[PDB]
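> Here is what each chain is made of, one letter per residue.
Protein chains: 4
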Amino acid sequence: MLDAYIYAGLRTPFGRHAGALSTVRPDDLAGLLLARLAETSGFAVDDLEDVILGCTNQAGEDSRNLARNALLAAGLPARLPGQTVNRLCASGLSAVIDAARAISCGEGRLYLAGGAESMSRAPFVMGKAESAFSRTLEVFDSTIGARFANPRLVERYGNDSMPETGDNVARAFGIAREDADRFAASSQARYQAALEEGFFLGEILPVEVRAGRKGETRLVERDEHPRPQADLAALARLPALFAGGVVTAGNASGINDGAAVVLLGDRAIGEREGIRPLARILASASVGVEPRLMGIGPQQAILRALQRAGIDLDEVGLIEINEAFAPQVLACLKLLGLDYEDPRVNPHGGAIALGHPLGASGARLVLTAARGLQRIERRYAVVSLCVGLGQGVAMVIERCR
Amino acid sequence: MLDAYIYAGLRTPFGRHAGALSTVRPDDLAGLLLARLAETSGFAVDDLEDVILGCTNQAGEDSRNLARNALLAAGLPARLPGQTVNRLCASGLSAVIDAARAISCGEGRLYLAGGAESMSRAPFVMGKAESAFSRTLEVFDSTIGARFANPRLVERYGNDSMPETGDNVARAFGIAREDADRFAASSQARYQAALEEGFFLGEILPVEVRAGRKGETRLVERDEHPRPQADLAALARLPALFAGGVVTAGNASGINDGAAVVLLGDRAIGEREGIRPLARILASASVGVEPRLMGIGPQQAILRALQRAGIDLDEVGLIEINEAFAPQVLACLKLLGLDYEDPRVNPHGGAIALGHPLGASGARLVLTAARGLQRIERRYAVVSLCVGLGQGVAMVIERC
Amino acid sequence: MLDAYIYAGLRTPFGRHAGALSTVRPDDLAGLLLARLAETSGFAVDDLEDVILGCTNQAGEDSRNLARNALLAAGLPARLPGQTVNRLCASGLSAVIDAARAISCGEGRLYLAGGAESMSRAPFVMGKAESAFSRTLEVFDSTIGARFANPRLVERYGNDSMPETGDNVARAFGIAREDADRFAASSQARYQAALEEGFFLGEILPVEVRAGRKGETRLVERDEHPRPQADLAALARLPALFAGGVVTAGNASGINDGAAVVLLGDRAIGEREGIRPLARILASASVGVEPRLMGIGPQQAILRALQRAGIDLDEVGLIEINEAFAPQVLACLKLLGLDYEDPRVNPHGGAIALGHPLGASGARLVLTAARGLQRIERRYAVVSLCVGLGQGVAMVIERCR
Amino acid sequence: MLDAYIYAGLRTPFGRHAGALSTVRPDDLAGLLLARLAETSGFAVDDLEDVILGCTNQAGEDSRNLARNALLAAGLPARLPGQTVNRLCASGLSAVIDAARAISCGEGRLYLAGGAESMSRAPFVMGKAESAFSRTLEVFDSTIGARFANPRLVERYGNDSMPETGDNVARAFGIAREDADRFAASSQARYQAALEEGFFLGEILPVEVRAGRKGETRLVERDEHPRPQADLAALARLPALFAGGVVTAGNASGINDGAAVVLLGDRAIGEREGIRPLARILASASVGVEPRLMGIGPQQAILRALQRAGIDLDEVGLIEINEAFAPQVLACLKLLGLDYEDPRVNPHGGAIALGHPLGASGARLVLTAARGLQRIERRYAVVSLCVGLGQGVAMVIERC
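Protein chains in written order, with the authors' numbering: chain A, 1 to 401; chain B, 1 to 400; chain A', 1 to 401; chain B', 1 to 400. A prime marks a further copy of an entry chain.
Think of the hints as simulated: they come from the structure by calculation, not from any bench. Accuracy of the hints is not assured; some may be wrong.
[Claimed, not checked] Listed below are the simulated DMTMM-like cross-link pairs for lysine to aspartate or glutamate, each with C-alpha atoms no more than 25 Å apart in a straight line:
1. 334(B) to 164(B)
2. 214(B) to 155(A)
3. 214(A) to 224(A')
4. 214(A) to 196(B')
5. 214(A) to 164(B)
6. 214(A') to 155(A)
7. 214(A) to 138(B)
8. 214(B) to 179(A')
9. 214(B') to 138(A')
10. 334(A') to 179(A')
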């Protein structure tokens with residue numbers, strides 16, 4: 001059993017591509033959360049062992065170890081080391097898992113862990129010449145998609161884009177467009193209800209951005225990706241992304257900017273400081289699957305995590321499965337034997353509404369599950385993301401109070 | 001106490017910039033090692049839990065999670081996950097530490113962990129437009145050096161390049177140019193001695209590369225960066241890279257291509273299959289320091305790891321401190337109260353001779369310390385690297 | 001004596017950098033003028049010999065021979081050849097000069113000639129690798145300035161930017177900041193008066209641009225660079241561009257998009273069609289000067305052109321000297337023995353007001369001088385531009401009617 | 001009748017892509033020729049009126065008015081102006097035509113005119129962002145081919161590459177693959193014959209280039225693109241670049257580096273200095289054609305220039321039609337009523353052997369026709385090039 005406790009966390013609002021957070025460097029966006037948690041946790045900054053951040057890109061302002069650039073820029077001590085982790089879409093969850101394992105081994109009492117991604121500010125990348133005056137230029141957008149693909153990998157596994165893998169899972173496990181759109185509508189609706197109830201109040205750190213003009217600042221307080229007008233009716237109208245396909249711009253997540261960080265520690269440091277944790281990390285699991293069906297990653301990761309945690313799915317009160325594509329979430333739910341509309345599933349909305357800043361999303365799921373656990377009868381939550389090139393990562397947590 | 005065993009490992013030869021491995025994609029470099037260990041460890045490939053690779057770049061062919069792309073391209077099974085780790089210069093050691101912690105927690109019985117870099121094949125990176133028809137273009141070489149530097153970081157901590165941090169450390173801890181150049185001489189001489197004694201034979205997997213003559217292949221068996229001719233007299237003749245400085249092209253490591261991977265597991269999986277481990281991982285420590293003095297990271301890293309392993313520096317038989325710059329190694333040695341010439345230190349040579357493919361180096365120090373330990377009496381080794389922006393990482397291992 | 005006649009011409013409005021014309025390809029912007037002149041001149045399109053356009057860039061949408069891409073895209077016949085000319089800032093005048101020389105030799109009866117530049121849409125340029133896996137990248141903005149400079153040229157001649165050459169000429173020929181700003185104010189004022197009198201009516205072809213939204217078009221009717229609020233008082237406040245310098249953002253021209261084309265022919269084709277020309281081209285001259293003093297280029301080009309034309313400066317009723325920097329215009333005027341406020345000089349405004357789309361400006365000066373000649377007593381106009389790296393080009397014309 | 005004289009001229013050897021001249025900047029290539037002619041013509045450098053250079057690219061070191069940068073860098077005086085001209089493939093011939101017209105008008109007595117290209121050193125070009133954080137990046141090789149193509153042009157005229165226009169012409173005018181390959185064989189054989197007879201001796205200025213061995217220089221004296229081994233049997237064995245097509249890597253010119261410049265003046269400046277001209281320029285003609293069939297541009301260009309020169313094709317002793325693709329030359333020959341094997345046509349070899357540095361080629365045809373005319377009885381030569389996007393340019397010259 002892992003033995004690490006979630007004491008606190010914060011996230012930025014998630015911005016649209018070229019949106020509300022497009023002017024903020026990914027190291028500054030992570031730095032804001034790291035600075036605010038250091039200042040307000042109750043713990044001594046000198047008890048901090050390490051900062052671990054997920055980031056799927058690392059070509060840009062997020063290069064040369066985002067975690068350490070971010071903690072220095074935010075004014076945390078030079079004595080505090082950091083490390084950046086990449087497991088694509090599961091990066092923010094894998095950083096928390098790595099901190100939880102360190103803690104459970106007795107190597108540090110207190111870690112900051114999460115993820116950050118500026119998909120707006122992701123650079124163009126250009127291959128070096130293989131010979132003098134070479135005429136071949138490979139130029140890629142690092143925002144998203146395959147770049148410099150290995151021909152040996154492509155020959156074994158194909159070149160399906162992430163949306164195409166959603167259509168694959170829809171075909172493989174028999175998920176209809178109607179069910180996908182019904183799930184997409186309920187993600188938007190569940191976000192809107194949670195927002196109205198005040199669910200996000202203590203979860204979001206608003207971000208001051210340049211408002212243009214000169215000297216003018218604006219406060220970003222709110223998630224920018226949600227489309228409350230996207231009801232079933234509007235989603236049913238949208239074209240497929242591909243011919244004979246089920247995935248649309250409406251039942252898929254989007255490209256986004258955002259950061260999310262949690263503070264983890266052993267039980268003893270909280271006992272010594274008189275600070276109560278939100279939740280205990282019990283177990284994690286990582287699995288590989290066929291790249292073309294990457295979206296069913298979570299089914300096997302969830303079963304292995306529950307088995308390591310010694311609990312049954314019926315003891316779980318709250319399920320965060322990242323909503324990359326509505327059809328891959330429904331496919332996971334089907335394979336786990338759950339109804340498409342199970343009320344435990346992303347009960348405050350998911351990525352269809354909130355967006356998917358790759359490195360940050362798994363860390364948002366950790367924080368939102370720990371917070372959501374405080375409002376329900378059952379003790380356990382599972383958090384899970386599918387991963388590009390076919391992986392699943394899952395983590396089980398338990399409410400403390 | 002960590003509870004992970006090193007069972008096996010292999011590294012490529014380390015190539016010079018645009019050198020013997022410049023044609024090999026970094027995922028393929030890593031993949032060659034993943035495949036050969038999968039095929040020859042004596043463990044079932046199905047017990048492998050995860051592949052953890054250090055990589056400082058991740059902008060190019062090493063992008064989008066090198067670990068997973070490398071294991072798929074090498075033909076390991078699709079069921080096997082992977083993740084990539086970046087702690088700059090300590091990346092390959094941090095990958096092994098994370099796999100060791102995973103194992104120590106009971107989360108999988110068997111991990112492949114190491115690092116890879118193609119500093120040859122690192123791409124150019126170019127900022128997005130911050131406005132329509134912007135005339136601002138920020139273009140950088142991802143090979144090495146600060147790119148898209150943060151203004152708030154530069155204001156608090158400066159913009160010193162890594163060689164300058166070497167001079168800063170030399171100045172701060174009083175390390176003569178002569179002592180630096182002797183250390184650099186010893187590293188070249190120690191590499192050449194170990195090479196002729198056959199020390200590297202089962203450490204290196206040779207790599208088959210195109211020679212370019214419409215079908216012609218060449219086998220790279222040997223580290224390309226060593227300079228046997230570099231004796232104390234030759235090194236004293238070279239100029240400092242910066243005025244008032246003690247750091248030269250000759251007492252500094254280089255820019256390099258290469259990969260290194262180890263197989264770690266729990267005790268029980270070795271016992272069940274009748275395979276003995278080389279060494280046990282006992283402890284690790286990561287510390288931050290002033291970025292300006294990043295070179296002395298190892299000192300506190302080494303002391304914390306020894307205190308966590310419950311041993312004295314006197315019980316150590318083998319010390320692998322990465323040779324980013326001769327003067328930062330000597331400063332770390334002075335800070336720990338060791339002679340500049342202590343024969344436990346980089347006894348088979350170091351990065352001055354072998355080179356520094358950043359992601360791969362820490363994984364190389366794990367492998368070579370685990371191998372080196374088999375040959376000596378004292379049963380403990382320390383492995384440590386300084387890290388750009390001011391970190392030290394150290395690991396303690398015990399011969400089985 | 002040259003023997004070529006200006007029958008017609010048109011220009012686009014000149015747009016600011018990322019301004020009113022930033023969405024229009026330079027080949028389309030030239031194509032609009034070439035199409036409108038073909039359709040409205042009175043001449044048969046089949047009598048057209050050739051299209052000659054100035055363009056200082058040719059790396060972008062203006063690459064691979066702008067003139068021929070432009071005439072094809074505008075729907076002129078495949079039978080009509082074209083050629084693109086580059087003499088930096090004098091490119092649009094040099095294209096007219098080359099057409100005038102062809103005509104005067106009897107090689108074609110009718111030419112379209114001018115220039116075009118999209119400084120907005122100018123690409124980034126990146127050097128090929130000199131060796132496999134080379135780490136040196138030379139990346140340049142082709143909008144403006146030195147790119148891939150020759151070290152042998154830089155060692156003989158220095159690396160002074162164009163604004164710095166203005167400060168050089170100000171120092172060399174004793175032009176005060178006060179006189180520069182007085183000239184800049186009167187360029188803005190003379191533009192504003194000409195606009196109010198209707199001077200530009202028959203000179204400008206308005207351009208339909210995408211207005212954003214979707215389906216929305218807007219008509220660009222007016223020059224976008226003029227600053228009528230720039231009076232002496234406002235210009236006196238502005239900082240120098242360089243320390244101890246005289247050139248400012250206000251007494252220098254700017255970066256601009258625009259095209260300008262004239263229709264030239266022999267006298268006989270106009271006699272046969274019953275179409276009267278505006279003016280006769282008499283002579284041109286090209287000179288080189290020291291790169292660092294490039295702005296006095298026009299003094300010697302003007303004297304040689306007047307000498308070839310067999311006229312005296314006192315017979316000239318109209319002088320267009322391109323206003324690259326107010327101090328280089330004043331330096332030319334001083335060297336020619338003219339007052340700074342000579343009323344013949346750019347009497348409808350110059351580039352300080354109108355902007356400087358490099359390839360187009362010399363062709364605007366040809367068209368605006370031919371049109372301006374129709375409103376004055378004296379028969380002759382001289383048109384002249386200074387050129388980057390130290391050249392002067394001048395042309396003398398004579399009113400026909 | 002034009003009234004300009006060709007007094008002198010020189011060209012570099014033409015290099016292969018990444019070949020013998022790939023280290024020479026195009027301004028330096030042009031500058032070497034400008035300087036040697038300035039120093040050895042026997043004319044005063046002070047009577048030179050202007051330098052006119054053809055260049056199809058102008059994105060790179062050839063940017064910002066190659067003529068002026070080349071003459072300053074070569075040490076010609078700052079008083080000497082220059083301009084660059086682009087009519088794609090006819091650029092170098094169009095530069096000479098424009099200088100000839102200038103002279104014919106009485107605007108200067110003496111011009112340097114030609115062309116230069118470094119297709120080796122042509123840069124990559126990259127579109128500006130059309131919106132903040134745009135994900136659209138258009139990147140092209142300026143070496144050759146359509147870049148930032150206009151949608152309205154593609155809709156009316158298609159997107160056929162130059163080799164495809166060769167196939168289109170072959171198909172349209174019925175040119176066999178066999179005839180194409182024989183022409184390509186004759187060009188290689190005719191180049192090798194002229195080389196061994198010493199025809200190129202005073203045409204080529206050798207170029208000194210770095211060999212790369214810390215100070216080592218090599219003299220390039222010889223055209224690098226010729227393939228003497230390419231006989232009719234070898235050429236018939238190669239595949240078409242496109243299905244149904246007759247165009248191969250062997251009956252098409254290549255991608256190349258090189259420069260060519262001539263000295264033109266009026267009659268009186270020769271008479272005043274006692275220097276005889278090689279030839280008089282009599283006339284030129286530029287025509288447009290369908291872009292799809294750009295290869296047959298020369299036909300009408302040649303007929304209009306002959307009519308302007310007042311001569312019959314029967315009075316011509318020498319015909320330089322640029323060999324972009326064997327089949328477009330043969331189509332032009334059929335359209336003019338000439339045998340495929342007429343010995344007046346590219347008698348010393350053509351672009352199939354010599355290569356096609358686009359800007360330089362037309363300037364090379366002027367120089368080689370002016371030199372070739374000295375050796376033969378008929379006193380007229382025609383020079384012509386087809387042009388991408390559908391143009392033909394031709395010039396008629398007379399031996400003095």
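> A separate judgement is required for each hint: does it hold in the structure or not?
Outcome of the hint check:
1. With a CA separation close to 19 Å, the supplied pair residue 334(B) and residue 164(B) stays within the 25 Å bound.
2. As the CA atoms of residue 214(B) and residue 155(A) are separated by approximately 23 Å, the hinted pair is consistent with the 25 Å bound.
3. Our distance criterion of 25 Å between C-alpha atoms is met by residue 214(A) and residue 224(A'), whose separation comes to about 23 Å.
4. Only pairs whose Cα atoms come within 25 Å are accepted, and residue 214(A) paired with residue 196(B') is rejected, the gap being roughly 74 Å.
5. This hinted pair does not check out: residue 214(A) and residue 164(B) have alpha carbons roughly 38 Å apart, beyond 25 Å.
6. Restraint check: the Cα-Cα separation between residue 214(A') and residue 155(A) comes to about 42 Å, which exceeds 25 Å; the hinted pair is violated.
7. Using a Cα cut-off of 25 Å, the hinted pair residue 214(A) and residue 138(B) holds, with the two alpha carbons roughly 23 Å apart.
8. Among the hinted pairs, residue 214(B) with residue 179(A') is inconsistent with the structure: their alpha-carbon atoms are about 70 Å apart, more than 25 Å.
9. Distance hint between residue 214(B') and residue 138(A') is fulfilled; the C-alpha atoms sit about 23 Å from each other, no more than 25 Å.
10. With a CA separation close to 12 Å, the supplied pair residue 334(A') and residue 179(A') stays within the 25 Å bound.
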